[PDB]
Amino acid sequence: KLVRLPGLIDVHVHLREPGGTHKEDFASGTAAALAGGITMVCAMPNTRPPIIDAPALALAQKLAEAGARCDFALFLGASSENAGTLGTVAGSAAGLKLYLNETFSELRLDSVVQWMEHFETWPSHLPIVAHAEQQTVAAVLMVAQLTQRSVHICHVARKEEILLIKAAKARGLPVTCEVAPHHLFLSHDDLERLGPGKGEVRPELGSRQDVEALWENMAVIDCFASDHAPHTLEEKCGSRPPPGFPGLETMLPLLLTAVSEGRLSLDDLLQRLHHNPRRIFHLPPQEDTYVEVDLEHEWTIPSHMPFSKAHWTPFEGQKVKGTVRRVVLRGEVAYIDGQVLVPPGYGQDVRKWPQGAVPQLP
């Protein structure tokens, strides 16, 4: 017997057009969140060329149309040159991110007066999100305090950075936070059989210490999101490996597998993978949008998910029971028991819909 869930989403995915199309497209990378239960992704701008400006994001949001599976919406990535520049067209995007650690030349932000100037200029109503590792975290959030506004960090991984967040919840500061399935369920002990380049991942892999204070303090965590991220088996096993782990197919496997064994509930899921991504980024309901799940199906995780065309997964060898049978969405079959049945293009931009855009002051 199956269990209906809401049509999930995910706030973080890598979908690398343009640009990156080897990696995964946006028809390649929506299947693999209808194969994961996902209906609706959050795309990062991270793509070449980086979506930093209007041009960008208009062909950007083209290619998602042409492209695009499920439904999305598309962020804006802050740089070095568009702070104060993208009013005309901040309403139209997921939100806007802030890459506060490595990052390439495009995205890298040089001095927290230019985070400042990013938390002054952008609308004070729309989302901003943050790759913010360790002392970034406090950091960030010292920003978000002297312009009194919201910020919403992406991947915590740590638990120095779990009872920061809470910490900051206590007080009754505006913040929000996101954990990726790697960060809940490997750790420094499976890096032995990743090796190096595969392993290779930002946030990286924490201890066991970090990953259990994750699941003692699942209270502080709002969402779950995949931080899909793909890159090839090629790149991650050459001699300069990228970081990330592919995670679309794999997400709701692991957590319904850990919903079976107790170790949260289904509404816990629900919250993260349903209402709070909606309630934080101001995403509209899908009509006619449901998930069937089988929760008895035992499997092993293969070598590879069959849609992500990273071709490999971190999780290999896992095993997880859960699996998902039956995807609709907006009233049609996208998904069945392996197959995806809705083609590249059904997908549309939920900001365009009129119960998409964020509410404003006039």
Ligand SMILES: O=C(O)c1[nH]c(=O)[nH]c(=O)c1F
Second form
2 protein chains.
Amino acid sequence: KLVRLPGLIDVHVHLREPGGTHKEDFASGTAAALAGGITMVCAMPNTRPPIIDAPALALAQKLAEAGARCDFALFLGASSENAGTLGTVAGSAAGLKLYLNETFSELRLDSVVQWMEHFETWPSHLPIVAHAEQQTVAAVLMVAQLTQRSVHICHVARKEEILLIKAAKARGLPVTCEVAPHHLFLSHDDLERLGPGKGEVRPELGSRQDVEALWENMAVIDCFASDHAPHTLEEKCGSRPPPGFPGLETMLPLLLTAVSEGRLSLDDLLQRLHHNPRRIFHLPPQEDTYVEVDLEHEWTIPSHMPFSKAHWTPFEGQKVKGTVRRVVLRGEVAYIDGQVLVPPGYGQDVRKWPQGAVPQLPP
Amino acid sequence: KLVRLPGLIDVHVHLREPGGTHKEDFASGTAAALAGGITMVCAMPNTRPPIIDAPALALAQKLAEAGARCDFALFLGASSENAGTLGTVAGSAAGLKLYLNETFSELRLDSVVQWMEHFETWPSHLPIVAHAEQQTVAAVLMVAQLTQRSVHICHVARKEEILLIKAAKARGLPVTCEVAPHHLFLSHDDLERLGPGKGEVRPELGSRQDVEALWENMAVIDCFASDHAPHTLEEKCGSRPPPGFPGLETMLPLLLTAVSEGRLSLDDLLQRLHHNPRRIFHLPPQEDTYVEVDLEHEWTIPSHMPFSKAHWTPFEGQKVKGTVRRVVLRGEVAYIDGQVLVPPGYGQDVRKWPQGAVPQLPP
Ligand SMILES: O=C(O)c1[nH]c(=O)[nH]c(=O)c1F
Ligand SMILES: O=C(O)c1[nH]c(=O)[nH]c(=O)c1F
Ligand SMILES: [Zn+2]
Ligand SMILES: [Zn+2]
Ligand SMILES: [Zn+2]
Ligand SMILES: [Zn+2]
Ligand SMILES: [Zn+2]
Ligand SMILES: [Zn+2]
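Switch from the form solved without the ligand to the form solved in complex with the ligand and give that structure.
Up next: the whole complex, starting with the chain shown before.
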């Protein structure tokens, strides 16, 4: 017996196009998404060129429309020059992304005052998400309060961070957050196996106590999102390993295994991969869209999953229970048992759908 | 004609006793204070051993009572073990000091949750001050709001920081701050002259734009405080230079020069070296205490000032106008024209005076 799930949403993926297409592109990354039971993705802006102005967004929209196999929305990225310049295109994006820790020069913000300027100028009804680690979580929460609006914290990875967010929620502050599978299923204990290159990710892998704390505070976690961050094995194993793990094809099987073990319920999972992403990012429903999974099938994660161009996975060797058998997207069979059956270009920009615009008060 | 000033207060000094007495001790540091027109100092807890428990505070109190030539209060320091343990001695301290950036292991806090624990456990009516740079200012402000209390930010050194504090004040948040003379009178432009060892300080010297921003936002600055942080020249010029400048003997002459140039008023100076320190730290008046200064005398800062054991100064070569001529402390001549005339042990712990206890609601 298969279980029918709604179309799942991953609000944090790096699809590398334009400019890093040896690592992934829209066509390969969305194939990976479909194989992982994901029917809608939100793509991050740290491409080359980065999506930090209207022309770069226009290019990205066309590349995505031509290459995506599932539906999508594209983030804009905050820079040190673009506050106050994104108003005309803001509503067409998934949201605004702030890189508040390590990143490349084009997306670096040198001062908290620049964070404030973005919070003040970005339209108040549209999402803002932040890469914010450790004390940076508290700092960006302060900026959000000074500017009287909400913020969403990406990939919470530490006991310190989830407890801070928990305290903020207890005070009624408008903050939401997401957690990535590697911060729930890997830890320092895995670094010996992974090695120093493969093991590089930001936020870094946590201690057993960090992992435990995330599970214990599941009530505080609004969304799961992969932070799919593909790089090739050559890059990961080289002299300057870039941070990041591929994760679209492994996320749902890992979480289904946890459901099967009673670590969280099926509903807990669907709140975090469907309902909460929809409501935080104002993402529209997908008509005639669903995922069929087999919860009984036991398998071992191989050295690489079929679709991502990363061609490696840090979860190699983990035993899982649960598999995606079929995906239907807008009334077409998109995936069955290892075969993707919708072409590049089948996917659409959900922000262009009437039901995908974020509601706002008139001027 | 001399101008009579009230007894000035420096709320941020490192007097190095116990454990670093080759750099300074209570007797030498308070001699330096008196020579700088300061009659009351608040001493930081990063001594060896650090002042992080009741026994260390008891030792420090006796060393200060025996060695101090001016009056004083002693900070307690926050550690990763002492939250919830300082209640019985808290009221006897100047306040609680949090080192939120670089420091030695005993005072290191590894998580924002530890900051929260201190804000929750330290008595709500007593001062908390923080070494908090750049985004750490925003982070500690968030913790203060979550716990519904005030915080004082030490040595604000950057445009970024003073503008964040300005924004917080505009929102009615209970935050105050201090600025050190080196962040008003030195900048990157001075690093060539100082060299990489002498130039080491935390917070680091700022750009011309940082310095300009502090002056332009003088209204945001509640206090001046030296961050007197003495180290010997051997240490500063060695292979592992410790951060810090001596500053007690140079602070007032630098600021008097600025007053003479119309950069701030005499009142602006006295708010920041007398009234605001009193009211933020609940420090008592000193009876029969005053400082006489000569505002006309032009001199050049030498390679070392007479009293601090640091025996060097980063202000060497600067031209100043204004000199301390006489200090009277509690009815005794304490300093005249280069001679200290009160012995070690003349100074008293102001928190033991009836008028020096911080008022609180009964239990
Ligand atoms: O794009 C990436 O590879 C990347 N990888 C990471 O591990 N963290 C990031 O914040 C990121 F932007
Ligand atoms: O004690 C010191 O020397 C010291 N020196 C600095 O330059 N900054 C500090 O925060 C500090 F504690
Ligand atoms: Zn990130
Ligand atoms: Zn995210
Ligand atoms: Zn990411
Ligand atoms: Zn400091
Ligand atoms: Zn201070
Ligand atoms: Zn200090």
